[PDB]
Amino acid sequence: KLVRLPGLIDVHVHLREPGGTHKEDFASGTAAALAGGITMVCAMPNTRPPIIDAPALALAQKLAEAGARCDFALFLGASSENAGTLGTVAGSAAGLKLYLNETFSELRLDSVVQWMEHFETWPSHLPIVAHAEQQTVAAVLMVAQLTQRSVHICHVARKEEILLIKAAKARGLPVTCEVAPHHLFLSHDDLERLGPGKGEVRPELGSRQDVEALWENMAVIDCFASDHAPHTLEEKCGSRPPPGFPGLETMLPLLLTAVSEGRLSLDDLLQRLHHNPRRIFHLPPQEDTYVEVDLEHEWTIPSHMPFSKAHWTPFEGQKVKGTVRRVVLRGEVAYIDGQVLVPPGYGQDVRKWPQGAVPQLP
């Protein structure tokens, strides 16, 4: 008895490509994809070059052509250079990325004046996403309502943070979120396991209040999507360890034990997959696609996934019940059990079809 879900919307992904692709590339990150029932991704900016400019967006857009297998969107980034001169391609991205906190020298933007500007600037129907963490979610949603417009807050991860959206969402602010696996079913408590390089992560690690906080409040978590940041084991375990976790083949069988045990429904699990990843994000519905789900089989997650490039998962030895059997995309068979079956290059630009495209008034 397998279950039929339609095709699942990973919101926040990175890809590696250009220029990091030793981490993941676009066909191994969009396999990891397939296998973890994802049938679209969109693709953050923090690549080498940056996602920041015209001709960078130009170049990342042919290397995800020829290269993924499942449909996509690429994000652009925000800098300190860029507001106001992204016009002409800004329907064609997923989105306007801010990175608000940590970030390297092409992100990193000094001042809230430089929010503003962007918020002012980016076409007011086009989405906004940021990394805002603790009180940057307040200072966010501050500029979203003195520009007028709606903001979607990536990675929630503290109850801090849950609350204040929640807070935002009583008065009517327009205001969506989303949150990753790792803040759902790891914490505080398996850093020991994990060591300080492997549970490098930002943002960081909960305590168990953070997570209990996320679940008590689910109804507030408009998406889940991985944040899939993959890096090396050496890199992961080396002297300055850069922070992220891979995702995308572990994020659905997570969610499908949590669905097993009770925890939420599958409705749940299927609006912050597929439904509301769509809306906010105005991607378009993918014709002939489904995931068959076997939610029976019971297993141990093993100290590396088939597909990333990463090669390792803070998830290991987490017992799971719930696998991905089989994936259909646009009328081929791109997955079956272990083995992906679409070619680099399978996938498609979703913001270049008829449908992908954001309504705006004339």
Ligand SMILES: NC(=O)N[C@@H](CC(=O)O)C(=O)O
Second form
Protein chains: 2
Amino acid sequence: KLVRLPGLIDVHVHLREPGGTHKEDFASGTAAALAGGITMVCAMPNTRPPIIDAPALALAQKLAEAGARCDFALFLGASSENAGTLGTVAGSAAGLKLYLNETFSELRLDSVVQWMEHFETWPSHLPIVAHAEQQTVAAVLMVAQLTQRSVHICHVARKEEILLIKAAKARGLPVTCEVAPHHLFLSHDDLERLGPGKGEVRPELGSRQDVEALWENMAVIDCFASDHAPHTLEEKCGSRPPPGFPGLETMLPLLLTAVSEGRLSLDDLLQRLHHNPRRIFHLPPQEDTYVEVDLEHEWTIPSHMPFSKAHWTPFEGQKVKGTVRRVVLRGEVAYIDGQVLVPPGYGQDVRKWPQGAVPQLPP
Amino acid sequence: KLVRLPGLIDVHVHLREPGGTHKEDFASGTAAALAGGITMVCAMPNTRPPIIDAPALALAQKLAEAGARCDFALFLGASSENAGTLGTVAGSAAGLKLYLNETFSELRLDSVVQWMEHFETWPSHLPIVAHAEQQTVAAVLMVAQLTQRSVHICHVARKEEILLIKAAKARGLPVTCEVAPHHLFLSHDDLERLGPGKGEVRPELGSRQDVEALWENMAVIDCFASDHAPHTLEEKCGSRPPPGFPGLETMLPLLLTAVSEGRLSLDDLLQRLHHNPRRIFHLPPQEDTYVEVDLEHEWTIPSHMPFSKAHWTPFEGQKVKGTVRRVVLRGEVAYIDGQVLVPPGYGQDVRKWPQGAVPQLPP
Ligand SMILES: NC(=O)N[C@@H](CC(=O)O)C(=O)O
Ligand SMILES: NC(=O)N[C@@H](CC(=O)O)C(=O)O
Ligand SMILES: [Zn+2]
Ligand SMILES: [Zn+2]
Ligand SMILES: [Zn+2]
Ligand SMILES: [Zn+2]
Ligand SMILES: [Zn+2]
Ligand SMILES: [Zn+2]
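Moving from the form solved without the named molecule to the form deposited with the named molecule bound:
Expanding to the full complex; the earlier chain stays at the top.
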């Protein structure tokens, strides 16, 4: 007996096109998404060229329309030069991404004043998300309050961060957050197995206490999102390993395993992979779209999943229970038991759908 | 013709006793204060042992009462273990000091949650000051708002920081700040002369643009305070130079030079070295206390000032105009033209004076 889920949404993926297509491209990354039960993805802007201006966004839109197999929206990235210049294209993006700490990214800002300038100039009704670790979470929350608007915190990984966000929510501040599966299912305990190259990720893997705190504070977590961050094994194991884990193909099975163990409910999962992503980012429904999962199937994660060009996974060897059997996207069979059945280009930019525009007051 | 000033107050000094008395002690550091026209100092807690508990405070109080030549108050320091334990002695301290960044200090905290715990437990009517650089300023401001109280930012050094504080004040937030003379009168341009050891300080010396921004935003600066941070020349020039500059003997002459050039007024100076320190820290008046300065005397700062045991200065070679001629402290001549005339032990703990307690609602 299969369970029918709505089309799941991952608001944090790196699809590497343009410019990093040996790691992933729209076609391979959206194949990975579909195999993971994900029918809509929001792609981050730290590509080459980075998506920090109208011409880069135009290029990325065309590459995505030609290559994506599932539906998508594309983030714009904040830079040290583009505040006040994105107004005409802002509404066509998923939102604006701020990179506020060292990581795989034309996009660290030099000064909190630059953060302020982005919060002041980006349209107030459109999403802002931030890579903001440890005290940076508190700092960007302060900027959001000074500018009287909301912010969404990406990949929360630490007890410190989730408790800060919890305190902010208790004060009624408009903040939401997401958590990635590696910060729920891996910890320092796994670094010996992974090694120092494979284990590189930002935010870094946390202690057992960090992981426990995220689970204990599940009520504070608005979304799950993979931070799918593919790099090749050669890159991960080489002399300057880039941070990041692939995760689209493993996220849902890991979380289904947790559901079957009673660690969270099916509803908790659907709030975090469907309803809350929709409402935070004003993402539209997908007609005739659903995912069928088998909750009984036990398997062990292999050394690589079938679709991502990363061709490795940090979850190798973990025992999971639950698998994606079928995905239907807008009335077409998109995935069945290991086979993707929609071509590159089937996917569409949801921000171009009438129902996918973010509502705003007449300007 | 001399000008009579009130007794000036420096709310940020490191007097190194207990435990670092080769660098400075209460007797030498307060001699330096008097020679700089300062009659009251607030001493930081990063000593050895650090002033982070009642027994350490009791020791420091006695050492100060025996050694100080001018009046004083002693800060307590926040640690990772003492939140919720300082309530009985809190009112006897200048305030609570938080070290939130790497510097010469049992006292960096590991987590913003620890900052929150201090803001929640330290009595709400008593001062909190923070070493908080760059985004850390925004982060600690957020914690202050979450806990509904004020904060004072130590040694603001950058355009980024002063503009953030300016924005916070424009939103009516209860934040005050101080600036140290090296961040007004030295910059990157001086690093070649100073060298990499002598030039080490936290916050580091800023660009010309940082310095210009502090001057342009003088209205945002509530206090001047030296961050007198004496270390010996051997230490500054050795293989692991500690950060910090001595500054008590040079602060007032540097600022008087600026007054005579019309860069700020005498009133601006007195707000920042007398009235605002009094009101932010609830420091009492000193009866029969004043400083006489000669605004016409031109001199060049030598390679060391007479009193600080640091026996070096980063301001060597700077031309100044203005000198302290006489200091009277509580009816006794304390300093005349290079000679200190009150003994170690003349100084008193102002928090023990009836008028020096911080007012509070009956608990
Ligand atoms: N998380 C990572 O370790 N890397 C991400 C960047 C990011 O999400 O910060 C990537 O794009 O590779
Ligand atoms: N400012 C410094 O560079 N050093 C100070 C510590 C401090 O004020 O942060 C010291 O105590 O030496
Ligand atoms: Zn990130
Ligand atoms: Zn994110
Ligand atoms: Zn990312
Ligand atoms: Zn400091
Ligand atoms: Zn200070
Ligand atoms: Zn200091």
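Here the rigid core means the biggest group of C-alpha atoms that line up within 1.5 Å when the two forms are laid on top of each other. Residue numbers count along the first chain shown, from 1.
Rigid core superposed between these two forms, residues 88, 105, 265, 209 considered: the one with a C-alpha shift of 2 Å or more is 105.
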